[PDB]
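Here is how the chains run, residue by residue.
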Amino acid sequence: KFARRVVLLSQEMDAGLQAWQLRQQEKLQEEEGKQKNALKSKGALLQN
Amino acid sequence: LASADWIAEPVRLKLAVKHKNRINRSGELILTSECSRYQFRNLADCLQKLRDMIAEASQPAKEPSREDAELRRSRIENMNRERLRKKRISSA
Amino acid sequence: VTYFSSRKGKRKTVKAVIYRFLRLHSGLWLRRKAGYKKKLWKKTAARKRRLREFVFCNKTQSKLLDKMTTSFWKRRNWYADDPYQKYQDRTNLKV
Amino acid sequence: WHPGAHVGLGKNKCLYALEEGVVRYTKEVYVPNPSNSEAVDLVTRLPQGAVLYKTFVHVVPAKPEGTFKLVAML
Amino acid sequence: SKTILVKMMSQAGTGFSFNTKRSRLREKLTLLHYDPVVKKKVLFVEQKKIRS
Amino acid sequence: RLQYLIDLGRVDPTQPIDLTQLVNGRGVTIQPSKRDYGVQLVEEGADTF
Amino acid sequence: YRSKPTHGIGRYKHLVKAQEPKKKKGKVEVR
Amino acid sequence: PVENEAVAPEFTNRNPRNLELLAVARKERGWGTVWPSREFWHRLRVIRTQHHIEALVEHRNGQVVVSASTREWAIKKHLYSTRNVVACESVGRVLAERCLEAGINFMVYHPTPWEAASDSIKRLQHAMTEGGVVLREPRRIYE
Amino acid sequence: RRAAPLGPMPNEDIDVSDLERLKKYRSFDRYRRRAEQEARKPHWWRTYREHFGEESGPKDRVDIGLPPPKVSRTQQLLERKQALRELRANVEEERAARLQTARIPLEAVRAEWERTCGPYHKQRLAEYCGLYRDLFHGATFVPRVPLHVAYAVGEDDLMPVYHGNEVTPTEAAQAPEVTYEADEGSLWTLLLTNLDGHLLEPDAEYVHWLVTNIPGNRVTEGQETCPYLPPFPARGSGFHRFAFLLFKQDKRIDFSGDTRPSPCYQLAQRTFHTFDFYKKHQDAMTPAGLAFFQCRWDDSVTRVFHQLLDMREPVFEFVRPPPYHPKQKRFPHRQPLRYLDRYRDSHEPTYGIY
RNA sequence: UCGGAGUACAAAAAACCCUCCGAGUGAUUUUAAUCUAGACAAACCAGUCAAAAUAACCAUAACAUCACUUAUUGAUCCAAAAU
Ligand SMILES: [K+]
Ligand SMILES: [Mg+2]
Ligand SMILES: [Mg+2]
Ligand SMILES: [Mg+2]
Ligand SMILES: [Mg+2]
Numbered sequence: 072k073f074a075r076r077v078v079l080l081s082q083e084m085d086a087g088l089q090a091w092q093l094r095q096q097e098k099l100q101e102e103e104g105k106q107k108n109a110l111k112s113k114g115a116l117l118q119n
Numbered sequence: 104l105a106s107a108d109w110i111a112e113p114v115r116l117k118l119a120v121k122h123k124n125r126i127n128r129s130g131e132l133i134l135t136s137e138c139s140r141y142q143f144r145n146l147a148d149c150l151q152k153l154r155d156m157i158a159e160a161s162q163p164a165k166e167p168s169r170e171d172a173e174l175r176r177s178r179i180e181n182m183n184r185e186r187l188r189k190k191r192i193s194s195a
Numbered sequence: 094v095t096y097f098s099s100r101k102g103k104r105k106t107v108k109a110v111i112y113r114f115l116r117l118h119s120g121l122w123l124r125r126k127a128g129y130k131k132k133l134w135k136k137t138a139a140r141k142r143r144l145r146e147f148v149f150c151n152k153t154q155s156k157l158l159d160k161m162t163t164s165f166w167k168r169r170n171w172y173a174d175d176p177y178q179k180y181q182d183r184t185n186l187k188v
Numbered sequence: 075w076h077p078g079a080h081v082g083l084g085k086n087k088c089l090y091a092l093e094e095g096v097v098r099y100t101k102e103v104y105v106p107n108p109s110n111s112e113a114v115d116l117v118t119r120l121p122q123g124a125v126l127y128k129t130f131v132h133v134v135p136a137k138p139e140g141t142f143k144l145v146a147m148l
Numbered sequence: 013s014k015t016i017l018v019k020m021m022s023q024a025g026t027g028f029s030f031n032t033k034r035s036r037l038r039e040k041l042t043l044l045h046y047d048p049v050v051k052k053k054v055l056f057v058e059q060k061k062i063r064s
Numbered sequence: 100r101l102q103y104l105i106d107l108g109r110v111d112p113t114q115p116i117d118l119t120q121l122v123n124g125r126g127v128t129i130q131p132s133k134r135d136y137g138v139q140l141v142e143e144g145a146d147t148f
Numbered sequence: 048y049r050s051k052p053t054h055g056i057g058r059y060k061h062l063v064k065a066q067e068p069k070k071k072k073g074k075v076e077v078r
Numbered sequence: 038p039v040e041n042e043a044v045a046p047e048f049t050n051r052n053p054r055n056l057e058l059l060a061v062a063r064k065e066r067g068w069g070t071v072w073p074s075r076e077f078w079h080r081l082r083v084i085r086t087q088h089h090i091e092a093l094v095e096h097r098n099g100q101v102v103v104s105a106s107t108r109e110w111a112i113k114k115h116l117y118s119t120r121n122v123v124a125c126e127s128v129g130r131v132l133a134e135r136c137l138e139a140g141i142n143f144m145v146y147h148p149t150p151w152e153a154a155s156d157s158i159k160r161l162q163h164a165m166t167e168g169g170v171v172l173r174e175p176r177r178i179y180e
Numbered sequence: 027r028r029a030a031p032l033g034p035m036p037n038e039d040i041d042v043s044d045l046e047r048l049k050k051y052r053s054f055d056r057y058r059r060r061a062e063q064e065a066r067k068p069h070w071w072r073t074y075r076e077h078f079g080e081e082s083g084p085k086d087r088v089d090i091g092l093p094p095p096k097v098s099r100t101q102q103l104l105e106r107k108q109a110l111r112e113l114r115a116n117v118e119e120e121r122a123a124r125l126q127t128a129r130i131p132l133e134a135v136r137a138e139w140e141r142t143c144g145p146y147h148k149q150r151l152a153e154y155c156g157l158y159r160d161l162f163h164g165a166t167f168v169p170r171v172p173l174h175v176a177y178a179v180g181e182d183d184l185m186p187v188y189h190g191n192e193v194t195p196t197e198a199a200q201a202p203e204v205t206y207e208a209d210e211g212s213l214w215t216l217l218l219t220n221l222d223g224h225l226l227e228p229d230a231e232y233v234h235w236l237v238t239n240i241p242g243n244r245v246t247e248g249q250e251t252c253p254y255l256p257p258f259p260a261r262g263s264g265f266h267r268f269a270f271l272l273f274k275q276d277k278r279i280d281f282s283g284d285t286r287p288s289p290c291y292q293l294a295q296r297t298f299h300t301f302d303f304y305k306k307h308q309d310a311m312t313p314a315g316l317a318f319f320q321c322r323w324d325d326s327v328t329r330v331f332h333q334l335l336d337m338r339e340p341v342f343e344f345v346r347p348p349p350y351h352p353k354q355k356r357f358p359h360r361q362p363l364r365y366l367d368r369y370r371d372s373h374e375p376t377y378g379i380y
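Chains as they are written, first to last, in the deposited numbering: chain Ba, 72 to 119; chain Bf, 104 to 195; chain BK, 94 to 188; chain BD, 75 to 148; chain BI, 13 to 64; chain BT, 100 to 148; chain Bw, 48 to 78; chain BW, 38 to 180; chain Bn, 27 to 380.
Hints are not guaranteed to be accurate.
[Stated by the list, open to error] Below are the PhoX-like pairs computed for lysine-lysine, each with C-alpha atoms no more than 20 Å apart in a straight line:
id, chain 1, residue 1, chain 2, residue 2
1, Bw, 60, BD, 101
2, Bn, 107, Ba, 111
3, BW, 113, Bn, 107
No lab work stands behind these hints, which were simulated from the structure alone.
Full structure from sequences and hints, please.
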């Protein structure tokens with residue numbers, strides 16, 4: 072019973088660490104999506 | 104409403120003018136009640152409501168008026184939109 | 094409270110409770126606020142309104158009054174034109 | 075604590091929420107009512123570089139005012 | 013100085029009385045209360061003395 | 100309940116129905132001592148009567 | 048609150064003077 | 038059946054002014070210990086600097102919707118001076134026209150007690166009343 | 027356990043000592059101006075603007091529009107001052123100004139306001155009503171060119187359409203006319219859309235008018251893509267916003283993929299997405315003008331559903347959330363007799379075995 | 001018996017024949033309504049606030065004020081008065 076607890080605890084910590092890494096990549100990939108989804112700013116650049 | 108021959112011709116047309124919100128596309132006047140749980144009372148309410156609609160429309164002299172809180176702002180928003188309408192130039 | 098009377102041997106009731114309480118069939122008891130007729134000019138408008146309202150009694154008071162009255166007053170009554178007739182039964186009580 | 079947005083004030087200086095929502099506490103500036111002679115006098119004597127700050131209690135509404143639903147399709 | 017408690021009856025004819033504390037040295041008091049019976053403000057005058 | 104009694108044969112519409120027939124049909128119980136003056140008709144099942 | 052970093056944000060009594068009220072018995076032009 | 042008859046049970050309206058124009062939106066009731074009261078949909082803000090007269094109409098979010106001030110070149114070249122009683126009248130009339138153009142017909146103005154008796158402000162509101170803009174916003178329905 | 031503040035305190039700049047030297051406010055109107063200027067700064071502590079929806083605070087607005095006209099400030103500064111001095115020296119103006127008897131040519135101010143600061147004032151009007159949010163999302167444009175839309179209602183009466191106005195559908199039954207100053211060297215595109223009013227989809231907008239490749243001022247001579255359709259707001263949900271969009275295009279663009287049938291009455295074919303539409307032809311077109319109005323329900327809407335759209339008229343209603351009540355206790359304590367009525371399901375009495 | 005400050009230093013509560021101030025009502029008019037969501041407080045009895053809605057009056061008007069404002073007060077039964 073003690074051995075199974077060690078395996079269970081080791082996997083949950085490892086699995087939890089993987090989830091945080093996925094969220095960090097997801098947040099960065101979402102940020103570049105907004106940059107590559109807006110419109111080409113004409114603005115004052117038309118006369119520039 | 105058009106083929107309802109138990110009401111007079113002036114009364115029939117006045118119902119359409121006042122209650123045009125309840126008139127279906129095919130000319131079917133629709134009245135609905137939801138007060139009581141027993142369907143006998145619900146039907147009785149509809150008939151009594153129908154009597155009041157006909158009774159007030161039947162009388163030519165029956166033309167009551169009232170002033171409401173929403174009427175005051177309705178008149179103002181109607182008056183304000185007439186300020187811009189006053190210009191009279193050749194249109195399209 | 095006389096648990097056993099000396100004439101018939103049944104359980105008597107306290108006449109003080111019935112003269113100033115109303116029992117609904119759901120077990121709830123009804124009473125008037127204390128001091129609703131004393132010194133009305135002194136109290137504010139809100140305070141007078143609060144004192145003129147019927148109130149319910151908590152579990153201990155409700156349980157206390159059930160042991161002070163016999164079983165005649167806990168019966169189901171169908172009065173004619175009773176204002177409290179619609180409050181007799183509880184409804185939509187999820188305990 | 076002074077009342078803020080969506081928070082009333084009783085005659086006994088108690089704060090009660092007016093709309094269903096989340097209670098929030100905030101430090102804001104204080105601009106007293108001109109009809110309050112004592113409060114406006116305190117503001118008058120303040121130096122030019124200072125502003126009064128007071129704590130406030132807010133209730134950000136959660137439920138919307140209402141929604142539109144189809145009741146009849148004539 | 014002691015005050016007097018007097019009962020004021022409506023002058024609108026309806027039966028409505030509310031007690032008001034009044035100073036003893038003052039003469040008969042006359043106010044403008046609001047009786048719910050008529051749902052309108054009506055004149056009220058002092059009628060009887062109840063408590064000192 | 101009045102419809103329920105008739106369907107099960109507790110009372111019969113062929114014979115006139117009064118208070119006595121209801122008691123013999125075990126429909127309602129009347130206690131004269133407890134200040135009961137009879138039976139009042141309510142409209143709980145007017146839709147399916 | 049004391050422990051919060053925003054403590055004392057409402058301090059004002061050190062901005063205005065004390066402004067000693069002219070007491071009935073202590074009314075004197077102490078110059 | 039008819040492909041054109043498909044209607045969603047719930048209709049979502051994204052117009053921010055829809056609730057305000059129906060007098061059903063929430064007014065930020067409260068405060069009371071501060072001034073001015075922030076229980077409004079639109080507030081008229083009049084600022085009298087020593088050189089220019091500026092009048093603002095603000096939403097409760099802090100944004101300014103329509104503004105008419107003597108600092109504009111359009112109004113400056115038609116006024117003799119920007120700090121007169123006549124200048125306030127011009128500001129009031131110009132803002133009154135723009136509010137009608139912007140659809141804002143109701144606003145709340147809470148003047149300072151001494152400004153309420155001031156000659157310029159007294160006649161400034163007279164221009165607004167005759168300009169079509171009406172103060173005293175309608176009461177909220179089911180407040 | 028005292029903690030260190032995260033930044034400068036509000037009133038720590040002034041010196042506590044030597045109060046008499048510091049000049050006071052002496053007025054109440056000075057404090058309000060000072061307080062309001064202080065209330066808009068981004069303080070490090072919690073503020074009212076933080077919790078009550080300041081719309082993400084500072085936003086990097088993307089500008090997609092015509093560049094502002096090139097104006098020389100040096101020349102403008104001298105000519106503006108020179109014009110004022112001539113008006114200043116007029117004695118008759120001083121006579122009227124002192125006696126509080128003078129008026130201004132409001133029509134002249136209207137013409138100059140449109141040219142000078144009209145584009146900027148209309149920009150915040152669109153932002154306040156959220157036109158940019160529902161059309162270009164975060165992007166915004168300045169209405170550089172003036173635009174006029176008017177409806178022919180009577181024999182000669184003319185209902186105008188300004189920014190944020192209110193127009194009854196009866197006035198909008200007929201097609202409007204658009205007048206704007208432009209030389210015969212470029213092309214323009216006109217688009218009228220119903221931002222709110224789509225039935226099945228809440229994020230889509232209808233199209234009521236679309237004219238492609240307008241030669242200069244004459245709108246009629248331009249190629250027509252989508253025929254005009256009178257507004258049809260629902261009876262329940264009122265005050266739908268209709269926006270006129272003017273696009274300036276360099277080259278003749280092939281607007282054939284968005285072509286609609288001439289007797290187009292299928293609302294499924296009127297589904298439109300301005301951001302998607304502008305995405306395809308971003309290189310060619312460029313927004314230049316804007317004019318939008320509010321529109322509620324009227325009697326003329328009814329015939330649109332029946333005769334034109336061949337649709338049963340839908341009616342909505344404003345429904346409020348049900349009132350909240352606490353969980354019912356078996357023995358209510360010190361509660362009024364009406365405590366049971368709150369949790370009653372129906373007022374009709376219900377009998378059981380009886 | 002009732003209120004305020006310290007003891008009780010920062011949510012609440014917290015004692016002594018403990019240390020110090022008070023209350024057992026006046027002045028004035030703005031004479032302050034009816035009805036109900038939701039809560040603080042509390043052994044109980046009591047005490048407190050209160051949106052919406054209706055009426056009153058600027059014709060879309062409810063906090064009586066001031067005196068440290070906080071205390072200025074008494075349950076049933078019973079008796080008297082118009083009910
Ligand atoms: K919509
Ligand atoms: Mg029985
Ligand atoms: Mg509690
Ligand atoms: Mg109210
Ligand atoms: Mg006794």
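Results for each hint:
This hinted pair checks out: residue 60 (chain Bw) and residue 101 (chain BD) have alpha carbons roughly 18 Å apart, not beyond 20 Å. Using a Cα cut-off of 20 Å, the hinted pair residue 107 (chain Bn) and residue 111 (chain Ba) is violated, with the two alpha carbons roughly 40 Å apart. For a cut-off of 20 Å, the pair hint linking residue 113 (chain BW) to residue 107 (chain Bn) stands: about 11 Å separates their Cα positions.
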